[PDB]
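S.K.: Chain residues, written in single-letter form:
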Amino acid sequence: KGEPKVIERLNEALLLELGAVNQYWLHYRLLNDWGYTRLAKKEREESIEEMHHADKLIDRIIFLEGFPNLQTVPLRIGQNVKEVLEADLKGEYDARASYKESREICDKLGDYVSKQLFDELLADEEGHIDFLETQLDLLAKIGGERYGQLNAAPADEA
Amino acid sequence: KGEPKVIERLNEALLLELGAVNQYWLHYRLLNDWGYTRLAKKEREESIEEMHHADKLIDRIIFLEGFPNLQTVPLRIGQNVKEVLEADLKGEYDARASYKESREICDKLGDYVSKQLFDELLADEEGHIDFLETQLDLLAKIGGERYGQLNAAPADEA
Amino acid sequence: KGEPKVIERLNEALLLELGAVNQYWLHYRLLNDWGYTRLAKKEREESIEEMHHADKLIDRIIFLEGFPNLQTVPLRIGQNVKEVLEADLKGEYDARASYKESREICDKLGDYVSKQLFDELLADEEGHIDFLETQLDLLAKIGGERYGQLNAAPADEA
Amino acid sequence: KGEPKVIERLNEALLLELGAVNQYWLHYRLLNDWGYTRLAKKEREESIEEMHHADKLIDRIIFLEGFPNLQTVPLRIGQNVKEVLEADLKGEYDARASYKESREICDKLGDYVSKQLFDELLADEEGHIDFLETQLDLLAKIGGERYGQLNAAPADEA
Amino acid sequence: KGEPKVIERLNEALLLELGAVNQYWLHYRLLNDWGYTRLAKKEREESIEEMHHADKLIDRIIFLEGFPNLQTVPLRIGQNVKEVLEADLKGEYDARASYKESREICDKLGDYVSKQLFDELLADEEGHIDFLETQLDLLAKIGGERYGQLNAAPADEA
Amino acid sequence: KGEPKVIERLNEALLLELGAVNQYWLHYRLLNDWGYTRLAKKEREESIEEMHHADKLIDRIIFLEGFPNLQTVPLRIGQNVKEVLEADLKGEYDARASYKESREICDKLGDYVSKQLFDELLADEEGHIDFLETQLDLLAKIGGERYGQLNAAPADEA
Amino acid sequence: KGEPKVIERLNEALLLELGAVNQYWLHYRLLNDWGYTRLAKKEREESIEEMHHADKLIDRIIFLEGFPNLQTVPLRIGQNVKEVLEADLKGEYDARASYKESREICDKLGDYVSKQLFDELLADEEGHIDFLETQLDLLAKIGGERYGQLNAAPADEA
Ligand code: HEM
Ligand code: HEM
Ligand code: HEM
Ligand SMILES: [Ca+2]
Ligand SMILES: [Ca+2]
Ligand SMILES: [Ca+2]
Ligand SMILES: [Cl-]
Ligand SMILES: [Cl-]
Ligand SMILES: [Cl-]
Ligand SMILES: [Cl-]
Ligand SMILES: [Cl-]
Ligand SMILES: [Cl-]
Ligand SMILES: [Cl-]
Ligand SMILES: [Cl-]
Ligand SMILES: [Cl-]
Numbered sequence: 002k003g004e005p006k007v008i009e010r011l012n013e014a015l016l017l018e019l020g021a022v023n024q025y026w027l028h029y030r031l032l033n034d035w036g037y038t039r040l041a042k043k044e045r046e047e048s049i050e051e052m053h054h055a056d057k058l059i060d061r062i063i064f065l066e067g068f069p070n071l072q073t074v076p077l078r079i080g081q082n083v084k085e086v087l088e089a090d091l092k093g094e095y096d097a098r099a100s101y102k103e104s105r106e107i108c109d110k111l112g113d114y115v116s117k118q119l120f121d122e123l124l125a126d127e128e129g130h131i132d133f134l135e136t137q138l139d140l141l142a143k144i145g146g147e148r149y150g151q152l153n154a155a156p157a158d159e160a
Numbered sequence: 002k003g004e005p006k007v008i009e010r011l012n013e014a015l016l017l018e019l020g021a022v023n024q025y026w027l028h029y030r031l032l033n034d035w036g037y038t039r040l041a042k043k044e045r046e047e048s049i050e051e052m053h054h055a056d057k058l059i060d061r062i063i064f065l066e067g068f069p070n071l072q073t074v076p077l078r079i080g081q082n083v084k085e086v087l088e089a090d091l092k093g094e095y096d097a098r099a100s101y102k103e104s105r106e107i108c109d110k111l112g113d114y115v116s117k118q119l120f121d122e123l124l125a126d127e128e129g130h131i132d133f134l135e136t137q138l139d140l141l142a143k144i145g146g147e148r149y150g151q152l153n154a155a156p157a158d159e160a
Numbered sequence: 002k003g004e005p006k007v008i009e010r011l012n013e014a015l016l017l018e019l020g021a022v023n024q025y026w027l028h029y030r031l032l033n034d035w036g037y038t039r040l041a042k043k044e045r046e047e048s049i050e051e052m053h054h055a056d057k058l059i060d061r062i063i064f065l066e067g068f069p070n071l072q073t074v076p077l078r079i080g081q082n083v084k085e086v087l088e089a090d091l092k093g094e095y096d097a098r099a100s101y102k103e104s105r106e107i108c109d110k111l112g113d114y115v116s117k118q119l120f121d122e123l124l125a126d127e128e129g130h131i132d133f134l135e136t137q138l139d140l141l142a143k144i145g146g147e148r149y150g151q152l153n154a155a156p157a158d159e160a
Numbered sequence: 002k003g004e005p006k007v008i009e010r011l012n013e014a015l016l017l018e019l020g021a022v023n024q025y026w027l028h029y030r031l032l033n034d035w036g037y038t039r040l041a042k043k044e045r046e047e048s049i050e051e052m053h054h055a056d057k058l059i060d061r062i063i064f065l066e067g068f069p070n071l072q073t074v076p077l078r079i080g081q082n083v084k085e086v087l088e089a090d091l092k093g094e095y096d097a098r099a100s101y102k103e104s105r106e107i108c109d110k111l112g113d114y115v116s117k118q119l120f121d122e123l124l125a126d127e128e129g130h131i132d133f134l135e136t137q138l139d140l141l142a143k144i145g146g147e148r149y150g151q152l153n154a155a156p157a158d159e160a
Numbered sequence: 002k003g004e005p006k007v008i009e010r011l012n013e014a015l016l017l018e019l020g021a022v023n024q025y026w027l028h029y030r031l032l033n034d035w036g037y038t039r040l041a042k043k044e045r046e047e048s049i050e051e052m053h054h055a056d057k058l059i060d061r062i063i064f065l066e067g068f069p070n071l072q073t074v076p077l078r079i080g081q082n083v084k085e086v087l088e089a090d091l092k093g094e095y096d097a098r099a100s101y102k103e104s105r106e107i108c109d110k111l112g113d114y115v116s117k118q119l120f121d122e123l124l125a126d127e128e129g130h131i132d133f134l135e136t137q138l139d140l141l142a143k144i145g146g147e148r149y150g151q152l153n154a155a156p157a158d159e160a
Numbered sequence: 002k003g004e005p006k007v008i009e010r011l012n013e014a015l016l017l018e019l020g021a022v023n024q025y026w027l028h029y030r031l032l033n034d035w036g037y038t039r040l041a042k043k044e045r046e047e048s049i050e051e052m053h054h055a056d057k058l059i060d061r062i063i064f065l066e067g068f069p070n071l072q073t074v076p077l078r079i080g081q082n083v084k085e086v087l088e089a090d091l092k093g094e095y096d097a098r099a100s101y102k103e104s105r106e107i108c109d110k111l112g113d114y115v116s117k118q119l120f121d122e123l124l125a126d127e128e129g130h131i132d133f134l135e136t137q138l139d140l141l142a143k144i145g146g147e148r149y150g151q152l153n154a155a156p157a158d159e160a
Numbered sequence: 002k003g004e005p006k007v008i009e010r011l012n013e014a015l016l017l018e019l020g021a022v023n024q025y026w027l028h029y030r031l032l033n034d035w036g037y038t039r040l041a042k043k044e045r046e047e048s049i050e051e052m053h054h055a056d057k058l059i060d061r062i063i064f065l066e067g068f069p070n071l072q073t074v076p077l078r079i080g081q082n083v084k085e086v087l088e089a090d091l092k093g094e095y096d097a098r099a100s101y102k103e104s105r106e107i108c109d110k111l112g113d114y115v116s117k118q119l120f121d122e123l124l125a126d127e128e129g130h131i132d133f134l135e136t137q138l139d140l141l142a143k144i145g146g147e148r149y150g151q152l153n154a155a156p157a158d159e160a
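Chains as they are written, first to last, in PDB author numbering: chain X, 2 to 74, 76 to 160; chain F, 2 to 74, 76 to 160; chain P, 2 to 74, 76 to 160; chain V, 2 to 74, 76 to 160; chain C, 2 to 74, 76 to 160; chain B, 2 to 74, 76 to 160; chain L, 2 to 74, 76 to 160.
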């Protein structure tokens with residue numbers, strides 16, 4: 002049986018990951034319908050990565066004899083490519099902060115395996131952040147139109 | 002641009018499908034940790050099927066120039083195998099009813115392609131219901147213990 | 002042109018075989034919907050075997066310049083696994099008796115090739131009976147619940 | 002549990018499909034013994050297609066908690083190739099009419115999945131009718147003898 | 002023999018589909034000679050899809066004992083990429099409307115298989131419309147020049 | 002050492018089978034020179050089947066310590083396709099009768115293995131008769147000219 | 002930029018080729034529904050060949066800075083196999099005449115590449131004519147019924 006405080010931090014992470022799943026998937030479908038099929042494929046992949054994170058969190062909570070809360074998911079959606087990237091980045095920044103605090107809480111309470119899980123999430127999060135910051139830097143340098151064109155497919159593909 | 006009433010019925014279905022995704026996936030992890038790895042694999046597959054349904058609903062709403070609502074997901079969880087099956091079945095019964103009413107609404111408003119989508123969902127739902135009713139009938143006949151054993155793997159598998 | 006008495010015995014066998022086809026196939030679908038998918042597959046195979054018997058009977062009647070009577074099919079259906087097996091067994095017992103009398107009638111009338119056909123049916127029938135008696139003996143020894151479990155598949159199969 | 006009226010329409014279709022199975026199979030054996038082995042192979046295939054229809058009807062009735070009636074099968079048999087085709091066509095015309103009325107009954111009662119099954123049967127039936135009308139048109143144009151020759155194999159085949 | 006009103010709706014659809022074939026193929030050749038070889042390939046594919054639609058309509062009219070009218074084809079041609087897409091989209095909008103009215107006419111007259119054909123056309127039409135609206139949205143976002151470049155091949159290809 | 006009466010019945014069958022070999026082979030060569038190469042191939046196959054029958058009869062007679070009589074072979079030859087088929091059929095009718103009487107003689111004398119050999123010959127004979135009656139029925143229905151054409155090859159074959 | 006007179010001759014050929022496409026395709030579907038599936042396949046192939054001709058004409062007109070006229074297509079349809087062949091032949095005779103005059107016009111005006119295109123069409127046309135005259139000669143010699151039978155498939159094919 003796990004610490005109530007640790008289970009609570011795991012559920013907070015689960016809430017964020019479920020929100021990230023929905024936001025990334027909505028962005029995938031919006032981007033696809035706008036014609037940015039290449040970037041859309043990446044957002045789909047990012048959504049599926051957050052799905053695996055939520056699964057690991059659920060698995061850990063059950064092992065600790067807690068109750069995973071999937072009953073709740076706030077979503078930030080953009081109207082253009084730049085706002086989609088910035089919304090994803092904002093969510094990753096919020097997740098990183100939550101996991102950094104959760105890591106310390108698990109460390110102080112002696113739940114080192116749960117600490118290890120948050121460390122893994124932290125490493126994954128900054129990998130996400132590095133990619134998104136790079137894409138936003140590229141968009142700023144070549145312009146949103148050229149960034150959109152680069153991430154759109156020609157009419158005869160697929 | 003689609004009818005507001007049709008978009009609203011599509012969003013109601015999306016809310017149910019997102020709830021079904023979470024419930025099926027939670028059941029998959031609960032069943033797996035209880036040792037019912039075979040039934041757990043099926044619940045995982047059912048979750049992924051509802052994921053595809055939610056994707057089709059999102060896609061249709063966007064095409065109709067509406068806004069998909071993923072910001073919301076009620077979850078019914080069981081404490082044993084029988085209650086897990088009955089909770090899944092209850093959700094499918096509720097989904098079938100919603101889709102049957104939505105089909106008629108789309109028909110009367112002349113949105114026949116959205117009607118076709120609800121018809122496809124209805125056919126899928128009763129396929130789910132047929133399977134679940136069969137499993138619950140089998141459980142009643144051979145008993146919950148034997149049903150659990152039949153859907154558990156030996157210790158050396160995987 | 003064949004003996005009227007032989008043609009009549011061939012049509013009596015055809016009536017029984019068509020009844021066996023329908024009974025076995027109904028049992029296949031009932032057993033499948035109850036969750037006994039393994040035994041259901043066997044009943045399907047048994048139905049198809051009786052289908053081939055009916056075909057041979059039709060073929061022989063036509064060669065004898067008679068008229069096959071497919072216009073008629076009595077069906078005995080069970081409510082549980084044991085009654086399904088006992089109903090199949092009862093039909094096979096009735097078929098064996100009919101074929102044993104038909105064999106002698108063909109022998110006395112000098113239609114030895116039609117006699118040979120009934121001998122083949124007799125050998126097939128007692129093969130059916132041997133299998134069914136064995137299954138009913140197993141059910142009695144291990145119990146109907148365990149017999150049902152043994153002939154049911156786990157939820158994730160197929 | 003399904004509507005009694007829907008179950009009754011499903012059983013009426015089952016009666017027709019079982020009749021079509023027997024008629025097509027008898028025609029297959031008659032045509033084969035007359036030497037029209039090519040057309041005979043097609044009638045065999047048509048019989049097996051109606052067998053699959055009867056299976057789907059049985060499956061649907063069981064899912065609706067009704068009792069499939071296989072205890073009954076009227077057969078129309080011809081004495082030449084043209085009458086065989088016309089008898090098959092007559093049965094398909096009768097089946098189409100039954101399914102068209104059954105479709106409307108299921109629609110009014112809100113059993114849309116059963117409606118979908120009758121729609122599938124209707125599409126299959128008119129596919130049968132199109133083929134049979136074409137064969138009868140060809141027979142009229144080139145004559146019954148040439149039609150028979152075209153659908154007979156030489157003595158050394160198979 | 003089919004309803005005169007249904008045959009008339011099928012011929013109206015045939016007129017539209019034949020017009021769409023010619024318009025899409027002309028656009029394919031115009032776009033190819035302008036250097037937009039990628040989009041040109043898609044327009045060629047769209048033309049061939051409408052060719053298959055016209056074939057299904059002809060086939061249905063003949064089965065209903067009507068006379069397909071191929072003696073007639076109005077064509078809207080653009081002078082740049084955007085006007086080509088908008089002309090295709092306009093034709094698809096007109097086809098969708100015709101098929102939606104034809105579906106209802108077939109439903110009221112009890113020709114459900116012809117209704118099914120218009121439903122299939124409707125689903126195909128909105129698939130066309132979804133693609134074209136997406137391409138026009140992309141063109142608006144990245145500009146006609148970049149859209150043209152994205153759908154043009156370099157000088158050494160093929 | 003076998004019964005003289007059984008050996009005599011085996012030699013009577015051998016005389017008939019040797020006659021059938023020669024008649025079928027002569028028919029094969031006549032039909033081939035008339036241009037009915039397809040039917041000719043079948044007559045060749047039938048001749049070779051009767052050759053195997055004669056071999057089994059010789060083998061059985063030797064095992065019974067009798068002397069096979071191959072020193073004798076009456077042949078019925080036709081002048082057209084129909085008379086060839088009718089002559090073959092007449093011989094098979096005569097063989098069937100001989101084997102039916104021989105079967106009973108072996109049964110009464112207790113030579114059950116020789117009885118089994120005549121039963122095998124009887125089954126083979128009625129297979130021959132079924133084929134020949136079918137071909138003669140086909141010839142009557144489509145006419146001798148069309149039957150001949152169906153069983154003739156074009157000038158460039160082989 | 003091309004001669005107006007040459008562009009006009011190219012558009013006249015395009016009108017004829019589009020008419021030939023529709024006539025051949027209608028004949029393909031009529032012949033198929035009458036049961037002449039073999040000849041129907043050839044008419045389908047002929048239709049597709051005229052489709053390629055129309056494409057080459059469109060391509061040449063665009064290269065000459067003219068406007069292809071696809072807005073227009076007269077169709078001659080038969081009621082039996084012979085009239086179908088004669089209608090196709092009549093159209094090919096009319097096309098040959100048009101192309102022979104167009105060739106001379108291009109020659110006199112010094113547009114030798116357009117002349118080359120009409121020469122290619124002329125060679126193709128007389129290939130069509132040779133085939134059609136041969137088929138009509140065969141039909142006259144063996145009769146329309148036997149010609150129809152030769153170009154019909156047995157009921158079990160495809
Ligand atoms: C509790 C929430 C969710 C969980 C735990 C979850 C989990 C998963 C997992 C583990 C996979 C396997 C990935 C793979 O096979 O590569 C997956 C796939 C997938 N998920 Fe999610 N997911 C969730 C929510 C969603 C949502 C909201 C959608 C919206 C459409 C969605 C759509 C998909 C799709 C389309 C796939 C791919 C399946 C396929 O390609 O056949 N999922 N999910
Ligand atoms: C006169 C009655 C019948 C005759 C003569 C008959 C004959 C046959 C034969 C010879 C086969 C081939 C078996 C094989 O391919 O392994 C077959 C297959 C089959 N039959 Fe029957 N049958 C009859 C009635 C029925 C009925 C009442 C049903 C009810 C559903 C049925 C369902 C099937 C099915 C599903 C198959 C398998 C076909 C496939 O897998 O594609 N048959 N039948
Ligand atoms: C301007 C008029 C037309 C043009 C330029 C045209 C052009 C073409 C071309 C170039 C092909 C490729 C042939 C191949 O892949 O072997 C084709 C195929 C085809 N066309 Fe046409 N065509 C026209 C009208 C029609 C019409 C009126 C029909 C009526 C149904 C039709 C039906 C087809 C079909 C069924 C195919 C085969 C496609 C497949 O098998 O996937 N076309 N057409
Ligand atoms: Ca015996
Ligand atoms: Ca409908
Ligand atoms: Ca020259
Ligand atoms: Cl989308
Ligand atoms: Cl778990
Ligand atoms: Cl079932
Ligand atoms: Cl037969
Ligand atoms: Cl004649
Ligand atoms: Cl071009
Ligand atoms: Cl010879
Ligand atoms: Cl003939
Ligand atoms: Cl057709």
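In case anyone wonders, no lab produced these hints; they're calculated from the structure.
One thing to keep in mind: the hints can contain errors.
Said to hold, decoys possible - Calculated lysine-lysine pairs in the DSSO-like style (CA-CA distance at most 27 Å, straight line):
| # | chain 1 | residue 1 | chain 2 | residue 2 |
| --- | --- | --- | --- | --- |
| 1 | F | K84 | V | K2 |
| 2 | P | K2 | B | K102 |
| 3 | F | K110 | V | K92 |
| 4 | C | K6 | V | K110 |
| 5 | P | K6 | P | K57 |
| 6 | C | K2 | L | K6 |
| 7 | P | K6 | B | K2 |
| 8 | L | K143 | B | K143 |
| 9 | C | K110 | F | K6 |
| 10 | L | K117 | L | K6 |
| 11 | V | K143 | L | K143 |
S.K.: Hint by hint, where does the structure go against what was stated? Just the numbers, ascending.
M.R.: 3, 6 and 7
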